[PDB]
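Q: Chain by chain, the residues:
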Amino acid sequence: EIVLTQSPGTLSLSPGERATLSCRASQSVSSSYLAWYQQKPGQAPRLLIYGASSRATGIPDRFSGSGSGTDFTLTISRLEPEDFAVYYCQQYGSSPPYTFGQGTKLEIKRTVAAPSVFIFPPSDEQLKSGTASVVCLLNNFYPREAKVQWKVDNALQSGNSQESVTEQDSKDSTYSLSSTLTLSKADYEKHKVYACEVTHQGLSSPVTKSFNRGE
Amino acid sequence: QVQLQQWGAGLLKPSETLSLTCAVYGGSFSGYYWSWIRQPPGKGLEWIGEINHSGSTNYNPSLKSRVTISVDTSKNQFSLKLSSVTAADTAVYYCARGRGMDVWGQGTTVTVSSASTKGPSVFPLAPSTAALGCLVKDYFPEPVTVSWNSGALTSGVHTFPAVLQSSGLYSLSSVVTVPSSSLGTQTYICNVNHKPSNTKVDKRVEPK
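From first to last, the protein sequence lines are chains L and H.
Quick note on numbering: the first sequence equals residues 1 to 27, 27A, 28 to 95, 95A, 96 to 213 in the deposited numbering.
Quick note on numbering: the second sequence equals residues 1 to 82, 82A to 82C, 83 to 96, 100K to 100L, 101 to 127, 135 to 214 in the deposited numbering.
Keep in mind that a hint or two might mislead.
Stated by the list, open to error - Output of the computed footprint for chain H on chain L, the stretches with three or more beta carbons under 8 Å from beta carbons of chain H:
1. 84-91
2. 128-137
3. 153-165
Just so you know, the hints here were simulated from the structure itself, not pulled from any lab data.
Note that the Cβ used here is the ideal one computed from N, Cα and C, for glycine as well.
I would like the entire structure built from these sequences, with the hints used as guidance.
A: Here it is in structure tokens:
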């Protein structure tokens, strides 16, 4: 059983800087039995290397590979804007099943940007249906690592909020986050103040946006 | 230039069989390994199995009991068949040519859910710069297309990926940041299109 392992999970570098991705194997694998793939959101994986440093046909000369035994490395000498994708390594030609690595997401490196927080209460149209969804939005922030917490009457909520984040905006290299807290009409009409508190690196202190069921 | 073209049924009820087919056009057959791969939502890739000119069936032990791969030489095609599928098998499936693996198919998204097709419900997240949006809740299956002012407004728009609610239906939101001066000047309407339900909803978002 040969398992493959990639680190880091997220590499954040600027266009022009050199990128070095790693792949670690359980057993000892010959350098010719390793391959690399580049995949973008929505598209199929694009083969980069099929050996140690065997640059596949149609692959730019900036990609290279090295390694032996267990430690292998994919390398991009000079990053270009079309290189920020998700890279995988694969063991091919050794012991089946020929599994893949966990993947390494490449990210653009911009300065720290604090999110803009907004909170939307359930519209009067939705309350007539029997359910209520409160929305919290964090617009244009970097890095992606940020946490959001819901509080109904200053009580920590859990197990009832879902989350979604967009891809890195190709214009300002920032992210956007939306959290939906869903409650029945009765549980919504039970209590009064609803607050969404975000903790992010660009904030000197956690920022709360709240509304009261009435005002 | 070798090309691969896949087809098959995408939406399957649980506890039934999935059948996909892949056709190779512009390349040689035999000497290449015809492999299948699946990628779950938000996860990596999994190797399913491979086959060649003859019956070289080498599957994956994690799903070997329910997988069968066949090949047809008179049409240069190869088919994948899965049995007793569940919601865990929801993934994007690709066919590829192991040589590494050079050419990949376009992929087909296969979702397994006991839920039925239902049109979305659009509600307005009203403002109070500024931000406003639309909440598209309780629709199945994906996708839905959201625009603003019938394509006129595109800047500052963020449409978020859906989430599979516990009820089995999807829900997303599309927000947009606009200068607060236009709240009384500009009319903001979101257009939601759902092809699987054959539905379109124009929702006006006015300041509450």
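Q: Each of the hints needs a verdict: does it hold here or not?
A: For each hint, the structure was consulted:
1. 84-91: holds (count 3)
2. 128-137: With 4 residues close enough to chain H, the hint holds.
3. 153-165: holds (count 5)
In this structure, none of the earlier numbered hints is contradicted; all agree with it.
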